[PDB]
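Before any questions on how it binds or moves, here is one chain, the form solved without this ligand, in structure tokens.
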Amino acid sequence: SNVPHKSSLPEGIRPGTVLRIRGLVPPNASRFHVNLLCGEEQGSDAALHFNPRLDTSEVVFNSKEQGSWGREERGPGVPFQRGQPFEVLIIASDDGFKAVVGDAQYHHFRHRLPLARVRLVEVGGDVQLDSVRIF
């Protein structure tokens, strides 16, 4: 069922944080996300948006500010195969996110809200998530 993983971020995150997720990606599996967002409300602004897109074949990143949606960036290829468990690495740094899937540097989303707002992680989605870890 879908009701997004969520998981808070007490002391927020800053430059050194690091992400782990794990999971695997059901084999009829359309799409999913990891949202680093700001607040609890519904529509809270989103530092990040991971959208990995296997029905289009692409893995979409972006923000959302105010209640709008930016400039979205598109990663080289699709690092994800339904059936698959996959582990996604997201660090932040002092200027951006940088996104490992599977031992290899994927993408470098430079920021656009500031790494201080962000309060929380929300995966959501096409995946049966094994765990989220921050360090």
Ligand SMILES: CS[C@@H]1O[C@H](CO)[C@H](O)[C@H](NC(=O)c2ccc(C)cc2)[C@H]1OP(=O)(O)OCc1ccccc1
Contents of the next structure:
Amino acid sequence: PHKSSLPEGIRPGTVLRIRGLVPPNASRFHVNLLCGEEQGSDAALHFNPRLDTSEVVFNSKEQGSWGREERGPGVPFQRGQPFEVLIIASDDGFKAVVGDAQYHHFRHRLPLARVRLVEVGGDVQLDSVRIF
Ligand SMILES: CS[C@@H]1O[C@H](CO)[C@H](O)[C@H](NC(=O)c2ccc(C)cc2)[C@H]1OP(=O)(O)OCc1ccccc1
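Switching from the form solved without this ligand: structure of the form solved in complex with this ligand?
First the chain shown before, then all remaining chains and molecules of the complex.
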């Protein structure tokens, strides 16, 4: 798993660019926007492409409890193909862009101000996480 500290946190206008490869026969992977470094800390966003079930799940986690899942329109990821994702913070939520297309808007469930860390985990071969 990859961890990126957010020394200025995430503000409206902060862009996370995540580049990587979905390996052959990948099951699923995730990008988490976390509210602490501790194992089990709250997730403001859990972005979860599931290649094995052909879904992309969006959710939040508070005090160890998951919220209600949102699902994106289709799966803009392929086993054996590289990807580029933008997670863009606005005042009203996160915009997920995949490749050259706006994909999903996730309304804030936790305060933006609480986000401290970006974690990338699961069956993905990460190239880079950049914060702009
Ligand atoms: C599929 S249900 C649940 O959906 C959630 C979004 O609403 C999350 O995607 C959650 N995933 C996770 O909690 C998770 C954590 C770490 C890693 C490396 C991979 C996955 C995921 O939990 P998990 O995949 O552990 O649940 C299935 C399960 C539960 C108990 C025993 C076996 C499998």
